[PDB]
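**Student:** The primary structure of each chain is shown beneath.
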Amino acid sequence: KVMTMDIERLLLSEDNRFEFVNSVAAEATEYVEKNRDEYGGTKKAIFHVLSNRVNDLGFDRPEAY
Amino acid sequence: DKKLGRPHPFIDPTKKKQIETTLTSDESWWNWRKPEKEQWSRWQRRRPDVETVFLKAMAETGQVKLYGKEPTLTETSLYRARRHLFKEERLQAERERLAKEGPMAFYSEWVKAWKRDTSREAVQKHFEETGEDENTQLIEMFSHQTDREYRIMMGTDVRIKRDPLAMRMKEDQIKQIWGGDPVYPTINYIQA
Amino acid sequence: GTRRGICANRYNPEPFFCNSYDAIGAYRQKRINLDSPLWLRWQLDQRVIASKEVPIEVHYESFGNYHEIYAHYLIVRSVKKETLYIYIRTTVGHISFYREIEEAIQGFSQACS
Amino acid sequence: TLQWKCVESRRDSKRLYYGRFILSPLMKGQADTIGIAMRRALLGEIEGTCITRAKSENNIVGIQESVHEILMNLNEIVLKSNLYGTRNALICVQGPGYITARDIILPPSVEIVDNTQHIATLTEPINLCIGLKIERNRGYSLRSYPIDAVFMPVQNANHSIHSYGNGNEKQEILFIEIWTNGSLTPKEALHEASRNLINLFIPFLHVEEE
Amino acid sequence: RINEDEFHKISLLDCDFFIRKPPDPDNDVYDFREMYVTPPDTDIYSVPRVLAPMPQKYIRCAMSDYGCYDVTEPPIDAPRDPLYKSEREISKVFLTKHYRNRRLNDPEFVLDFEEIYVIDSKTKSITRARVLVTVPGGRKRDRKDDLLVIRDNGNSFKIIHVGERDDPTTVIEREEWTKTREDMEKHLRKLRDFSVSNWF
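Chains as they are written, first to last, in the numbering used here: chain U, 38 to 102; chain B, 0 to 191; chain G, 5 to 117; chain H, 3 to 212; chain R, 654 to 853.
Hints listed in this document are in silico derivations from the structure and should not be mistaken for laboratory results.
Check the hints yourself; a few may be wrong.
To be verified - No farther apart than 16 Å at their CA atoms in a straight line, the calculated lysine to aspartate or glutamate pairs in the EDC-like style are these:
| id | chain 1 | residue 1 | chain 2 | residue 2 |
| --- | --- | --- | --- | --- |
| 1 | G | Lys34 | H | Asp116 |
| 2 | R | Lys811 | G | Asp49 |
| 3 | B | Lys114 | B | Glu69 |
| 4 | R | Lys710 | R | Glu687 |
Said to hold, decoys possible - Just a sample of chain H residues kept apart from chain G, beta carbon distances all over 10 Å, derived:
| id | residue |
| --- | --- |
| 5 | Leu4 |
| 6 | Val9 |
| 7 | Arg13 |
| 8 | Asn75 |
| 9 | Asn90 |
| 10 | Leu108 |
| 11 | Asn117 |
| 12 | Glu126 |
| 13 | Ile128 |
| 14 | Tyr142 |
| 15 | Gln157 |
| 16 | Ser162 |
| 17 | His193 |
| 18 | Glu194 |
| 19 | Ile200 |
| 20 | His208 |
To be verified - Listed next, with one range per pair, are the computed distances between beta-carbon atoms:
| id | chain 1 | residue 1 | chain 2 | residue 2 | range |
| --- | --- | --- | --- | --- | --- |
| 21 | G | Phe101 | R | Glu835 | 36 to 42 Å |
| 22 | G | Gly5 | B | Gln123 | 34 to 40 Å |
| 23 | B | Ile176 | R | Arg804 | 44 to 50 Å |
| 24 | H | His70 | B | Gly179 | 57 to 63 Å |
| 25 | G | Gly5 | B | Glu88 | 19 to 25 Å |
| 26 | H | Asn90 | B | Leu97 | 32 to 38 Å |
| 27 | R | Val784 | H | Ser146 | 58 to 64 Å |
Every residue, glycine too, gets a C-beta built ideally from N, C-alpha and C.
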């Protein structure tokens with residue numbers, strides 16, 4: 038439900054929407070390279086990146102909400 | 000008029016209004032002459048409206064008065080704008096008649112089979128012997144109500160609030176909503 | 005909302021609710037209908053809507069309280085003390101329209117906690 | 003077997019108690035009938051208590067509020083009681099100072115829900131007794147100003163239904179949510195509504211003597 | 654020109670009036686001779702159009718504004734500009750004499766509705782209200798029960814007994830009714846049958 042407000046917050050944070058989404062794709066593919074746990078069930082790498090980034094913004098969201 | 004033209008019904012133009020005389024035929028251009036015979040038109044006949052039958056029924060019940068025996072299109076347009084006021088006034092008069100008469104006398108309108116006296120005095124004088132309170136008498140009265148009478152009474156259901164006038168308009172009046180029997184007879188359409 | 009004027013009274017000549025949940029409760033309990041006029045204490049007395057219309061009437065009491073009456077709302081205020089309250093003349097429908105948007109903003113921003 | 007549990011409870015204000023209750027498992031279609039009937043019972047079959055009239059036998063001088071504002075703040079007084087019929091409560095305060103629900107002298111069965119509720123502010127030393135008619139009534143039922151308080155111990159109630167277990171019986175689960183006004187807890191409101199419903203339907207099982 | 658250190662800055666919509674005041678602990682007293690009018694902040698002064706006899710003696714008055722509200726409802730730029738604005742527009746002000754010049758705290762404090770001075774923002778003008786009294790007793794009546802009604806854009810004043818006061822509901826209803834009656838006549842008049850129809 039709420040996760041898209043975090044997305045919008047991060048969209049509001051980053052100075053280019055396309056550059057933000059590129060950085061999310063990069064972060065996810067480097068995550069799925071630096072860690073080889075399968076990590077593909079009820080929680081997804083994209084949501085993990087969004088969660089970690091909103092936690093950097095200081096906001097109490099768990100991994101994949 | 001000048002006073003009491005606020006509130007109550009009154010003639011829209013004030014009485015003693017002036018009238019004028021205009022160009023007769025042969026004083027007028029050919030395009031502005033009334034024809035020497037009244038021409039047939041499909042529109043020659045006043046359209047029958049719900050608002051005409053209701054406004055006539057209100058006029059005959061004295062709730063309203065009209066400038067003539069037939070409601071004008073102006074009057075029916077105003078009824079169209081204001082009918083809910085008269086409907087709620089009739090429903091309020093119906094509630095007040097219920098409160099006065101009591102449920103036996105009120106609902107006996109829809110129990111033709113209930114021949115006994117239904118006035119509050121008679122309900123009391125019957126409770127003073129038969130031991131049946133007003134409620135048991137009312138249950139008995141409704142126990143004499145036929146299914147068709149009950150379905151008609153269901154207009155008085157507190158959720159339906161059917162218009163007390165629409166419940167009591169007779170067939171020869173309701174007919175005027177569509178304008179009497181169809182000219183082409185429906186028996187031509189009826190199929191078993 | 006309301007039927008106005010000639011559509012509402014047959015001749016020429018309303019509850020007060022201390023908050024909108026009292027009005028919604030009275031509606032649910034069938035004390036008032038969706039179309040029917042009521043007065044809501046607009047204690048959020050900012051943000052009053054208007055049509056640039058001067059007061060339709062004002063009443064001054066000898067003791068210096070006065071009531072300003074408008075086509076949409078009333079204000080009670082005094083030369084001593086201050087404004088007590090605005091009362092807005094409204095409907096359960098208008099109340100519900102406003103309330104459900106305010107509560108949608110609150111329900112969204114609940115996650116801001 | 004049919005069992006219910008209190009899933010959540012909150013007290014976000016002294017005059018707003020919330021509860022949510024699960025009933026499970028339910029047969030196809032029962033959950034909505036239960037929720038509808040229970041919601042009607044909560045929202046108006048519960049008997050509730052509130053101030054129904056006020057007498058102020060003395061705009062009154064020296065009170066800051068308008069008398070209308072006094073009455074409208076009295077309406078916000080939330081009471082719980084098991085009164086039969088009407089009864090008299092009485093404010094009595096000598097100014098200056100606040101008059102508050104704490105200052106209500108209560109008839110025996112009544113208790114205040116939020117004693118901190120405001121009533122009036124006396125700006126100067128004056129007498130202000132207020133004689134209050136109190137009543138207990140069902141929500142749907144019905145110098146001497148009526149307060150028209152709406153006998154509403156439940157501010158809101160809702161329900162929702164969910165299928166569970168993916169079982170081909172398609173039996174389902176009911177969640178009832180209740181916002182009691184603090185004159186009742188949500189569990190007490192649920193019990194009272196259930197019992198009042200049973201008291202409505204038992205009459206069809208009344209036999210009468212011969 | 655004139656300083657404001659001892660003037661009431663009665664801010665209207667289109668101008669501020671400056672009314673000279675004597676010293677009083679409540680700032681409650683008005684000169685009603687040293688009258689000036691100033692564009693809203695222009696710091697320029699002229700004598701306003703006095704249209705009525707005015708009291709040449711220091712007397713004390715309540716003041717109130719006959720302003721409308723207006724929802725400015727401005728267009729909103731990107732930095733969360735507020736999707737509403739609403740502001741008071743004081744089209745007119747009433748100054749109401751205190752009876753016997755009694756102070757606000759006096760037990761017998763009463764507004765002397767016989768003496769209302771009206772300040773108009775747009776005609777830049779002062780007037781004395783020609784109030785009409787409906788109350789039985791003339792000058793020697795109990796003034797505690799008097800209630801002033803103001804009407805017709807503040808052009809009409811009527812003193813009425815406190816009990817009589819129409820309810821706000823029936824006031825609004827009567828204004829709606831007297832409007833919609835003329836609108837409905839203006840509509841129905843276009844029909845042919847209007848000449849032979851009843852108000853019903």
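**Student:** Would the non-interface assignment of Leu108 of chain H survive a Cβ cutoff of 10 Å against chain G?
**Tutor:** holds (22 Å)
**Student:** Starting from the range 34 to 40 Å, see whether the pair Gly5 of chain G and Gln123 of chain B falls in it by beta-carbon distance.
**Tutor:** Violated, since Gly5 of chain G and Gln123 of chain B (Cβ atoms, about 47 Å apart) do not stay within the stated range.
**Student:** Given the hint of 36 to 42 Å, check if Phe101 of chain G and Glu835 of chain R actually sit that far apart at their C-beta atoms.
**Tutor:** This hint is violated: roughly 30 Å between Cβ atoms.
**Student:** Take a quick look at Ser162 of chain H and tell me if its Cβ sits farther than 10 Å from every Cβ on chain G, holds or violated.
**Tutor:** holds (16 Å)
**Student:** Can we trust that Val9 of chain H is non-interface, i.e. its beta-carbon lies farther than 10 Å from all of chain G?
**Tutor:** The assertion about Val9 of chain H holds, with a minimum of 19 Å to chain G.
**Student:** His70 of chain H and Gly179 of chain B, beta-carbon distance inside 57 to 63 Å?
**Tutor:** holds (59 Å)
**Student:** Given a hint of 44 to 50 Å, does the C-beta separation of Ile176 of chain B and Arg804 of chain R actually sit inside it?
**Tutor:** Distance hint for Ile176 of chain B, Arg804 of chain R holds at roughly 47 Å.
**Student:** Just double-check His208 of chain H for me: nearest Cβ-Cβ distance to chain G has to come out over 10 Å.
**Tutor:** holds (28 Å)
**Student:** Given the hinted pair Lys114 of chain B and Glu69 of chain B, is their Cα-Cα distance within 16 Å?
**Tutor:** violated (39 Å)
**Student:** Hint says 19 to 25 Å; check whether the CB-CB distance for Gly5 of chain G and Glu88 of chain B agrees.
**Tutor:** Holds - the Cβ-Cβ distance for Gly5 of chain G and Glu88 of chain B, about 22 Å, lies within 19 to 25 Å.
**Student:** Is the nearest Cβ of chain G still more than 10 Å from the Cβ of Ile200 of chain H?
**Tutor:** holds (22 Å)
**Student:** Confirm or reject: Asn90 of chain H is not an interface residue toward chain G, with every Cβ-Cβ distance exceeding 10 Å.
**Tutor:** Given that every Cβ of chain G is farther than 10 Å from that of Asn90 of chain H, nearest at about 23 Å, it holds.
Hints 1, 2, 3, 8, 14, 15, 21, 22, 27 from the list above are not met by this structure, while the remaining hints are.
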